[PDB]
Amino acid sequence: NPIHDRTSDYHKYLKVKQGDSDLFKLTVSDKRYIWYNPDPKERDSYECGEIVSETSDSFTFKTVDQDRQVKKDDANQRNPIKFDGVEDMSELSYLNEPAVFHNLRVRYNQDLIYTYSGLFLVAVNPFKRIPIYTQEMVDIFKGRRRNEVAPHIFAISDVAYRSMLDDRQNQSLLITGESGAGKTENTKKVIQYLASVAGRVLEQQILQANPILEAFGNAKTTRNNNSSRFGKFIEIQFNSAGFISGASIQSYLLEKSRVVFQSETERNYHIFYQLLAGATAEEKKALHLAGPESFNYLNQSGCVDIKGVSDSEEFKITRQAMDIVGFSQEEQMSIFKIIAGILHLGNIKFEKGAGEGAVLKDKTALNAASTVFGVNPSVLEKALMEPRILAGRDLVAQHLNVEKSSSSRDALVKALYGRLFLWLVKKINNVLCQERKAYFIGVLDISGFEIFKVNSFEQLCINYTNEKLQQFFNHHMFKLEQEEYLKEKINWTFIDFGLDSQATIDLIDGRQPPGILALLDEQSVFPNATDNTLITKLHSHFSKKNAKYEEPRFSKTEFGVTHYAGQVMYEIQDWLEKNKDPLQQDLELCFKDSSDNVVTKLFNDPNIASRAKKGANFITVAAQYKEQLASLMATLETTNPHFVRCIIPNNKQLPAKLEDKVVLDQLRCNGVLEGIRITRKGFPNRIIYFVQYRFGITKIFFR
């Protein structure tokens, strides 16, 4: 049994290493210690100080360099060192910030990235490979109760699986994290694990669904070299017996803006670099390809390469995964034609003509896009610069200037990309979801909280989703928990855990008084609205009125929102246009007549191409996002949730480099210590009368 053999790969990579005789001596010491701040302005940088004397209400300790006193009430006592490395931190004697951090630190220094913290798992990103995800590792966790094995993503997954089986109840794994923290890597482990322990070709297809979604849906940001730019809820579907019967992927709004624009040092989606890198000699000639530096959509950020990544080799892994799921050879080529055409569309250069209206002098990029899409270039050209609209009921051909033409070209590119992405997901689900499910384990992998120099509408919706996901943790752990104690009069004084995202949530998504998204919608159907009347309207409603809103003094085009994870300043530029998400009907008409059968489905299949109305207007992006999110949340409420808090070590994507302030800000805003205290102070279990423990109106409550 590897669990008991100190020689195993399991003992090597998952367990605290045996201390020595020197450590033994330190462990049996009578001395007592305190975590303190050498600099009191820097509350997150701590040293250990020996307690030298005490009074009834103070400790005096030595500082690493002097002697200092501290009220016993303000003291952060160091745990007896036998606790250093402990697997579940609810066992700690002293529950305080530097103690909890120190325990994570001890484990991380040995590459022990998983630690329990009461009921939920904490995962600190290694930023390097650790050999803990093998079949042998999987075989080990299969069937093991949480206290029989070391903290692992596998173990939380097994527990959800047995809860599903024994309780006849759908489960979810809610994996939290700021951008780069590990959500997506852990999601893949949950999937690997569920597929192995409950498996019977379907399994390999479930696994191969990921590299396709990542190629088209992930990109290098300044925070994450593999940033998920769409969120997903993955259902792992089980028959009544308890074997995997399939899976189903719900994807949430993709960041389509990245196709046409990237910040300095970022990349477009991986797939663009992979085609250019790994295409055959005849792919490149048939598609009219060249190098990234040749394409406006690839040559603006100054980064075409990611360190440690071969795009050509990733291209091969994307084609392999596409073969295995079932994309036919003509389908794959069609996919790449669309990729290529988008790049050609990016190279169209509009110029001013005699009048205000744009012209196309050089038609090379236009002709190459039209060739690979299989559309008529003279029709596409007309649709870009001279699209037809109704003025009343009259049919009036516009003549768009350079800016408007360029922006219409962008809209068509983003619609092609977003519709292709939804098509990929549709196709994948048709393969993976071939039987009705009896049960599911859902795994949630969203875009994590993020802040850049410039935050826009996309960041607001991401950060709001992360805020709602934190509220859902607060709700389970603290609010629902205590309401049970109340409806069961169990002698429980209510505790205010002071973690409440409601005010920020209401500010963003309130309907009465209207929140930010509601005001955005109003402005969006208002014919005279500009990004300036929008910001004005926002400041008018919230400035000096909402405690989570700030009108900045240094800018007339930004507003700040105080999120659980910190303040973000949002730039209002283009919000009305992003929210309306327009595309000229004449572009849709042009692409409806495509000779390509994939292109044709993107424009004629109403489940991909159709857009809902709200009275006389198409549904806004904010209204769609709101719908997806409420639908997500209602699904979760039907499940028993399991929480994994992923935690980023630093903001440099480096191994072996825990940054104090980075990690502790996460522990605070995640409510990790509060989560440990409800575990300790409260009453985990209760059974209807069944036929340091307590008797309720209808239930015995224990510990």
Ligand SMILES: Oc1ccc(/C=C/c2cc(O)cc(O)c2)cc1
The other form holds:
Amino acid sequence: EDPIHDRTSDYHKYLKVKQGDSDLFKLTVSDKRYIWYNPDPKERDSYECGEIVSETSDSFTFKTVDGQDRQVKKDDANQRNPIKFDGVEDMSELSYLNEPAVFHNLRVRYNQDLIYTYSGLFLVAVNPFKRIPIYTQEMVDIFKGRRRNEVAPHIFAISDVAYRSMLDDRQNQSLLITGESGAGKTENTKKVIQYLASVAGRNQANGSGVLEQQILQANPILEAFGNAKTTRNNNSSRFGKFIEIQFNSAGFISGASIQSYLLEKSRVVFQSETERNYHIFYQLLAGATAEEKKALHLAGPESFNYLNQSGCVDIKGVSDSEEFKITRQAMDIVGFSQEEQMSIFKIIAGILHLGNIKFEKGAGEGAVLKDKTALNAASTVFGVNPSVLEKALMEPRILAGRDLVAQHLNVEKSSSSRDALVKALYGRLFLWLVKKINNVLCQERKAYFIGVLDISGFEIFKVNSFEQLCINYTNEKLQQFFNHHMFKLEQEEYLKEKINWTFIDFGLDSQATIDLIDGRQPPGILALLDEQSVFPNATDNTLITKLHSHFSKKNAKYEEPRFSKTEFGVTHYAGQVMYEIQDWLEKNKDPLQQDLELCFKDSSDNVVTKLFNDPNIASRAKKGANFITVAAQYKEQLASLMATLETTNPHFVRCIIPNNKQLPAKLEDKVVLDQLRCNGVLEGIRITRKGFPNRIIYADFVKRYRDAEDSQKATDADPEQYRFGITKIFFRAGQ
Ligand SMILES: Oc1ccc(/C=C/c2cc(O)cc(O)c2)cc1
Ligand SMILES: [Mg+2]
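What about the form deposited with the ligand bound, after the form solved without the ligand?
The complete assembly is shown below, putting the previous chain first.
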């Protein structure tokens, strides 16, 4: 009957370790012992299993695979766990906690498509890069109300636990999913949403499934405009997002809210070789009707500068035409009128035409526009005067004191201004899409919420710019948040309760890297960038000179390379990254000629006019004598997010990428181990084994299962499996 106890169910077939045979049983009852060793001293992440054949008071002697005998100190020995542990669902149960042992367990499970594994109090998820039938409604129904220890590891399980904690403690919760680019953060986020929507959805009729349905449909919309193919992930999220799933006092979903972060606007006008622009561009050109393509003056992606420079217009296994159908159905369900949808595609189309405008040098240094085909097509779909747009692009007016001076930009500046317009149009459209979605989703004051964080993951490319710094900085802060909660706060609690705990230094601390980036006193990188950003004579060169001056040979996480004069390295928790300074000032200032804004404010299109008239979308905090910079704006939004997260009970999911080829069944030890190390996975397990997880105040420990407030002799007979703090009683591991 009960699926979890029926070895024939899909639950058992796809979520539990397969039954071993009599031969494995023989090996499982063996008295022989083993160690994980490095056949090649250089490759410390490549292990083999060797049998221990002898030992001394302080060393082991084992046989290698080839046959030679090696000796090693017992203090430096990585013993292999009894194979009965191979596949264990919670690695905190492992007898030997060492790198090769932890990797091996994950490998055994991975080899039989068990991608989820507990690592103490948090979940580990290794990307399978293939479909596994463990997310059906049947699967959802099984974890409902189950205790973590009662069911197999699963993203649904941690989701249910956060949900039960929210109701039992009446405290907001948060699901923080970490991982480098392509690790699986977005897929797992969708699953947390799917699970919450179902488990706490309105179990009534179609209507009672409208909200929940609009919640799930918000994703396809955002991904179509916010995701793109990069060299690390075919569906890379180019924006971060904190999703608030709201519940009423009864525990029913009452709504949801989405906060988007740092959209990579630059991708609209530039893409590295083999990458793509945002999905939506390809979806429109491939899935639009002949009518629409005529009205929008559309054509093949190869006919557009913004889509024909990477050498890639399609993704293997993806039908852009079919995806366009999915995107449109999601807009319908969410609530985008047909008039609004057309305006949206007009903007997308307009952007493409703007990209085809070719500026040329005129008689003098000023640029001219010989062929006006693209300019006119763009103006047509946007609903603006082409004559005004042309002038705003090549001859924008600015102030020179108080005097009004018409400029005449050369080819390079005209092209940049046109790109600025494009990026502003895309960025504002995205914010608008998010805004519209939220108004529909937010229809009542929440009583509680479970926040799901899904940011752009840690990434390194051949060329890393300001966008990568912001992305990696964010990932660095998320890691410190894990370190803060798993180690710092945990031990501080022991210290305050005085339960005879000697402080342990786990060696995980990204504060130095974080300060190097966002520090104010002394000023970090972002601070010096802002300073240069308002200095009238600053250049990309003065900026990097400034950076080297403040940090070269002075900050341990910074490096001035000897092989370049335009790059600087930052040692992140996930590895050192070299950043190219080109365009940082312009990207931080994020300029846009006012004449361009004036031109579009007069747009005949309802959507376009709102992108330039709505102050919440078109206005910019002019805090000071200058507009707030991207750096100051983002640093601010991030500090706000972190403050919010601190008011919740956090649940961590560490996504792990198996390799860098987006291939299934190919778990690479070096790639996986690097992530396990920088994520602090083993340290997190150790703190859980050597620590005291649960703890309750004495006075309020009167059998939640007399009343004097002393936990007095409430000894329910182990003196080692607990302690007594100044105001609480702690517990070793199992209750
Ligand atoms: O099954 C698979 C599906 C997709 C891929 C991605 C390949 C790929 C293609 C590129 O142009 C650049 C890149 O960095 C990676 C690999 C395996
Ligand atoms: Mg993602």
